[PDB]
Amino acid sequence: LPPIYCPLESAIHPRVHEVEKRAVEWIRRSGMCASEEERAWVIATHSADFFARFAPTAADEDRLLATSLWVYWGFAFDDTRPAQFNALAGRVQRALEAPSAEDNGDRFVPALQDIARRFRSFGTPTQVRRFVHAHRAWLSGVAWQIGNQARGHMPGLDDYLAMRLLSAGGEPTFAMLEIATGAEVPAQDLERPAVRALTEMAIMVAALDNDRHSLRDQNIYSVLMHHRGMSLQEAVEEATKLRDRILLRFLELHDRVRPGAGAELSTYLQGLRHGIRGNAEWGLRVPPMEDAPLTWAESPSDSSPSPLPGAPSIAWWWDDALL
Amino acid sequence: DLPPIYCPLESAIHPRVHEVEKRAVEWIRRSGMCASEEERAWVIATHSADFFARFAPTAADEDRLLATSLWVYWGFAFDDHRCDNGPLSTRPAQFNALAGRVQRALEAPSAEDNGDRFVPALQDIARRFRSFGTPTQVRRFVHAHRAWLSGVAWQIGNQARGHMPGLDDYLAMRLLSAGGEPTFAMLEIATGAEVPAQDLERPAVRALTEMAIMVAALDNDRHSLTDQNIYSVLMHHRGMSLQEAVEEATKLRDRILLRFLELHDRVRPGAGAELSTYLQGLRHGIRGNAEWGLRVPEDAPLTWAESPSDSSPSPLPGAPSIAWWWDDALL
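Just so you know, the sequences run in chain order A and G. Read in order, the letters of the first sequence correspond to residues 46 to 368 in my numbering. Read in order, the letters of the second sequence correspond to residues 916 to 1246 in my numbering.
Hint data in this document are derived by calculation from the structure and do not stem from the laboratory. Careful: at least some of the hints might be erroneous.
One-sided and incomplete, this derived list gives chain A residues near chain G with beta-carbon spacing under 7 Å [unchecked claim]: (1) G135; (2) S145; (3) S166; (4) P170; (5) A188; (6) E236; (7) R237; (8) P354; (9) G355; (10) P357.
Beta carbons: idealized from backbone N, C-alpha and C, even for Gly.
With the rest of the complex left out, here is chain A:
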């Protein structure tokens, strides 16, 4: 219902149409897709359009292609019992780390291994490891979510935000910014608690915007309705206040970190901001992407600068002493 607060820069790679056409060929040829139907469903994610918003000035079209390919892959892979999923997640992650691993007729492994090959031809081994760790974090997230669903466990707010941080694919998505842009962010700059908090907050805002984008299971609305006793409308309102509050804290902490930041950390931070907006805008415009004018909230629904009560796993985002 309520329009999205997102006062962040919107931009899209000028070569997005050229990257999309190469991506559509890669998808047709990959083996990822059994039937013509499934090729069309993956194409209809408009994943080039999504990631071209994340890295809108990427110098090398081929690096933007490679990173865009993983987004298609993630959507195809996400479209299994916990016991078999823990093994699949293990085998798929091994294939990302081990170029010698063999497919064993799993349709998703050669495809992932083709993306990994392209990442290893552009990226420093350091940037590839950052992606690998991000990819395992996402898989852990998915495993947690598949486990909760199989058991009929509706998690509380704390567990739900912890899990969604990972299961919504934001860690591997933001971990591709560097691979798309080129220059390596120094470990000292990327692993700073303040920058880790910016990354997780960008991820969390993108995940809650994706919860919103699918209202029409385990999402913020069911979690709040089950564990607080809310109507749907009361939960939509609470979810928005909560998300808007994480985003204010992101803007606050970004304005403290940005001034001192080196070239590469500065680029990465512009990426978080582009990605938050890009994800929101992509989710508004996706069914030929819709191009009718969009309305954006001028103001946050909740302007508190305090931690979310009921979500202690994210409270540390507000603890400047810790950062």
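Since the structure of chain A is provided, determine the placement of chain G on it from the hints.
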């Protein structure tokens, strides 16, 4: 009929092992980690300070060796009560949530235990790592720790199904579930030695780390002898006797150790100071793992093999997912 371990590597133990052991035993009593005197005594009997004092035997700061040894105690305890025998040990759906909560607590100091006695203990370990290590070094441990839990989740998935993995899946799984990734990721935190990312993430050094982890995991399978281990894996997939399996396992573990040694000798000369200390750690830990395994209930002369049981310098047959360790062009 189980043959001696081939391990021609430096055996060394920290001169202050007994002082660190004593502080570790005090911490284990205060930790709330152990439900009963019986479980305190079981954790103490892992001699985890003896174990990790062999991995960083010249660690300048005893507080760094202590913090590091604590996680080894914690891991043994967590694994015994939550991974290997807990109602979670065949309940993958529940383990996935626990893995998520425990891993979040390691990453987020603000996180709350929600009744899990393992969580406050790990958070104190993490607090020590954050006080000593760079945020980069702590991120390496955190990533390693998640890798380990992913492997345990795969193993518990297998158990629930009664699925006995083949060699390839078993090696890949056990690379993670034996806890070698977080164990070796604490080397740097014990020595103080921040290893530049360009040096640690080199494919060649990643291969050396994985091989050290793989040899120590196969040595643990040997120390611990339906159960998922290399002997059941070969018995099930190759229709071997236990005796033929024991000999097959020794062959393929020795052949991995020989590749570790060949690659180490090509990597070591070029290495800077911090990577050099890290590689000495891989070697000390392989040996430390094997010797701690043979001595843990102590001082009687050990016998080691003089020769590897197999010395093919080619990838292990039936294990494609590790064949890249022998690819010098990738490495």
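A quick look at each hint next to the structure:
Against a cut-off of 7 Å between C-beta atoms, the interface hint on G135(A) holds, since the closest Cβ of chain G lies about 4 Å away. Interface restraint check for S145(A): the shortest CB-CB distance to chain G comes to about 4 Å, inside 7 Å, so the restraint holds. The criterion of a C-beta within 7 Å of any C-beta in chain G is not met by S166(A), whose closest approach is roughly 12 Å, and the hint is violated. Nearest Cβ of chain G to the Cβ of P170(A): about 4 Å, under the 7 Å cut. The hint holds.
Satisfaction of the interface hint for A188(A) is found here, the shortest Cβ-Cβ separation to chain G being roughly 4 Å, below the 7 Å cut-off. Interface hint at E236(A): satisfied, since its Cβ lies 4 Å from the closest Cβ of chain G, which is below the 7 Å cut-off. The interface hint given for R237(A) is met, as the beta carbon of that residue sits about 6 Å from the closest beta carbon of chain G, less than 7 Å. Residue-level restraint check for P354(A) is violated (minimum Cβ-Cβ distance to chain G is 12 Å; threshold 7 Å).
Interface hint at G355(A): violated, since its Cβ lies 11 Å from the closest Cβ of chain G, which is beyond the 7 Å cut-off. Hint status for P357(A) relative to chain G: holds, with the closest Cβ pair at about 5 Å, below 7 Å.
When the structure is compared with the earlier hints, violations turn up for hints 3, 8 and 9 and for no others.
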